[PDB]
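Enquirer: Residue strings, one per chain:
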Amino acid sequence: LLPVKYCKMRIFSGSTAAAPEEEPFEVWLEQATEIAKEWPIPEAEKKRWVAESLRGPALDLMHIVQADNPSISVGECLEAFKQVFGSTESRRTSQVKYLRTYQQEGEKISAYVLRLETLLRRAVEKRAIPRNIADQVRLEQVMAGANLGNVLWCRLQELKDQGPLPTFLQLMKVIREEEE
Amino acid sequence: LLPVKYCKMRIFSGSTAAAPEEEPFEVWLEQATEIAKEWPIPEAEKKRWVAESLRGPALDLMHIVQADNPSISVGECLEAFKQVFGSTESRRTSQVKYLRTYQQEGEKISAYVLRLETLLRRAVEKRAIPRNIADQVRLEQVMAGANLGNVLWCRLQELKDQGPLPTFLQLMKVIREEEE
Amino acid sequence: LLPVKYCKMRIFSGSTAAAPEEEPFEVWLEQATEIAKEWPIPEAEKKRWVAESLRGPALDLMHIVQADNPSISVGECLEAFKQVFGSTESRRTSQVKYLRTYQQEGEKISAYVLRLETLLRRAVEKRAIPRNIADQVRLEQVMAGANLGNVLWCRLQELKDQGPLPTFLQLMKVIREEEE
Amino acid sequence: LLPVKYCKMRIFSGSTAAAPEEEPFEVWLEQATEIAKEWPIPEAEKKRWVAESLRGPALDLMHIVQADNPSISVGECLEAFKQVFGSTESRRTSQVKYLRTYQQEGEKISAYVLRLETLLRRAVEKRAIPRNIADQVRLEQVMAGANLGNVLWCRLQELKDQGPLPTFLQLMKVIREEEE
Amino acid sequence: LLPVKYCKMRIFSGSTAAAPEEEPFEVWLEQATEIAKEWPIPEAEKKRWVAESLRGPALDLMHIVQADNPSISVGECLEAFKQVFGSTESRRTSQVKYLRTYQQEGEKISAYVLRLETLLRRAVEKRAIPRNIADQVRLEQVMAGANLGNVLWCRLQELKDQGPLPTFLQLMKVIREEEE
Amino acid sequence: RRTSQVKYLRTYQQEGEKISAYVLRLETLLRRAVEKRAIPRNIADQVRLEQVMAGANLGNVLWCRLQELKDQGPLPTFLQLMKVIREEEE
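Residue numbers (the authors' numbering), protein chains in the order written: chain Z, 1 to 180; chain D, 1 to 180; chain U, 1 to 180; chain W, 1 to 180; chain Y, 1 to 180; chain C, 91 to 180.
What the hints contain is simulated information worked out from the structure, not anything from laboratory work.
One side only, chain Z facing chain C, incomplete, derived with CB under 10 angstroms:
| hint | residue |
| --- | --- |
| 1 | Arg-92 |
| 2 | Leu-99 |
| 3 | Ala-128 |
| 4 | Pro-130 |
| 5 | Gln-136 |
| 6 | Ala-144 |
Built from N, CA and C at the ideal position, the CB exists for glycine as well.
Start from the sequences and build out the full structure, keeping to the hints where you can.
Expert: See below:
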């Protein structure tokens, strides 16, 4: 007799040609680890709720993993998913992929600096970039990788010379104010 | 055993290339502030229900904000979203964007005056237009920005000369009656 | 632990370029008047459940209406929606739109007579057509507006001469039997 | 606090240009007759749950039927839907439509024999085909209407000569084994 | 008053031209066998929940099966679905389809080895491949069926000569490290 | 630190260079970057193999031997990496 919302579970599939509904694996693993740790029900219910979030190749991995060992716990299943799909990158490769990341031909430069900031957090978690220079490399990698121009270059090089460098939100404010 | 409705939560993403499901940020913030203020559950549940309404770049901001400070409250998270995505416009820029807004080449003029009225409310909230002339600028900005013609121009200039000017609903009634 | 259906609320938007999900306004108003009259919860809950059924320009009207008067009741909100979107047609215009309605170039004539019957109910509610001639004008407006031919014309003119004229369902049966 | 499935109600519309969500009428009537007979709630709730399953022209029939008689019961509403949309075919026409049904240019012959078997059940319910020859007409109408060839023709004519003829499932097994 | 997730039931249809929502039959049968064995409700409820997961040709089989015997149990219904749609392959055909499976022209070779591993599990369940050589045939069928090249061929032939051969996850790790 | 990191990573084998000369040129830029504290010394070997493999005009079984060395565990010193690249130069 009462109406209610209905959150669509985060489906994952592991296909390279991912459909518009389907998350990157790290977001799905955050959902699956919630089901594994948090939810109060037995492991048989947990396995079912994890499997329902999976489609295509990733669901086939769930079948393979259970077929080898029906006595397995969901925590060990997620270790198999982390091993097959969870990214493995080295310090060399995380540094290179951050530095090689330029503004794409269709991007607004405000969207590029946000995309680039996700790669910086990735690289800091690998300990591939020291946190105490993250601001320097933000201004540098924006200026080296963006399709930049006009007085935005002047304001960014001024900020590089200013002393205390921008946080990410402040650098976005500058780039947005020039986007107008 | 009972059937019920199922409201799709308002998803937001912050991409400039927004998908057809995805709201403008101000509508999403109205939903997220409901979850922050109203709902009775602890901050850990509130964070989860806010994060589930987010997809793509805006979800990456939720991860960044939590990673800097896991002790943060949802109210302070929404202040970070307001700062990154919530619009910052000055009196000069809100006045200019209202006045520069013409009827688009495919629009019916009845749809244009409704679109234009949203920009007037925006400008009044910045205190960029005095409320006591909002009617005058509606008739003027319709007449200056629309692809207008015929006896609708005559009726609108007559209304400009009439003394007491139209409210928005009355101006729409006139423009709709000429749309037939 | 139990599974259940999930009725998608009837979304409305008021755009002329309406998306395939989105109802004509009169169907949405039937849903919104159910929420206004029937549902047991306070006006603050009613406002929220009405607003969740709205998207795009029609949601912007809900914001405008509430911003002018936060003390308003949902019944008075629906009067503002009726005034802005609810159709206003005169006896002259309802008579003309019924009579001007021909079978569209892609229509099957069985679909045309059903479309046409909706316009007759509209015109009868304006008192623009006397109920006691509705059958006569159905056969006439089918015969004058359809892409008709063959022995279906003969059977329809025979029915016009028969004495007691078809009801709508009987006229559809005839047109369907010739559709085969 | 608990997650659950959410079955999408079977929407029907009665348009000839039916959208990919929308069932053939006979499947919708099976759902609507469940709501009419089975569900425990009063007729006012039953009318609402039937109307929510309807979209476009079929919803307009629900409005017409209720407008003529607000005192009507849902059973009598479904009799009006059966009369307008429910198929009326004679023995001659059901026999002809079964026999005229050939394999379509894009069909696999295994899909054709399943499509054809639905038309045989239809014809048997009209008493247009005696049940005691249904097997004979399956092999004949497959062989006369399919884009058949190779040793599948030989195996089918052998089965026609074998004595005890295939059931539908056995005929599908043969046609599937040649599909490989 | 509370919000909740809403898992979309796994729809199946049995059309060869399957829509993007629709599972392979073996995944649907895993859902339908859960409804048949596990769920506590009577067989009449079980039949309804199975039928709601079906669309198009597969729903027509549910109608045929019930029409022949209304006294049937859901377990015997799923035996009819297994017989009509569940795959029947011999040892010869499962061996041939595994060996004939090459990397498709658009595939990344990491996706190909995962696709190929599903066919190996299929063949092992038919007892068509001895488990004690599954690793040998993985490296061979990758090397014979892939669009392979570069030092990945050298590393794979080295692994073939190494003594203890890769598990599937280890072979994927190698192929992924060369995908970079 | 930003500019020394960028100039090291942006340094590819020039169109006329032998790859043995390129890895020596590249090693001078690594010492420069380590003196700015722009690269941690404890990963200098990893970035040598990576920046050779990403910046060189490499090919043949030299790529295989270099990726093998990247997987080997204990990575080459500069002199050992030059020995490998010289032995393939022949």
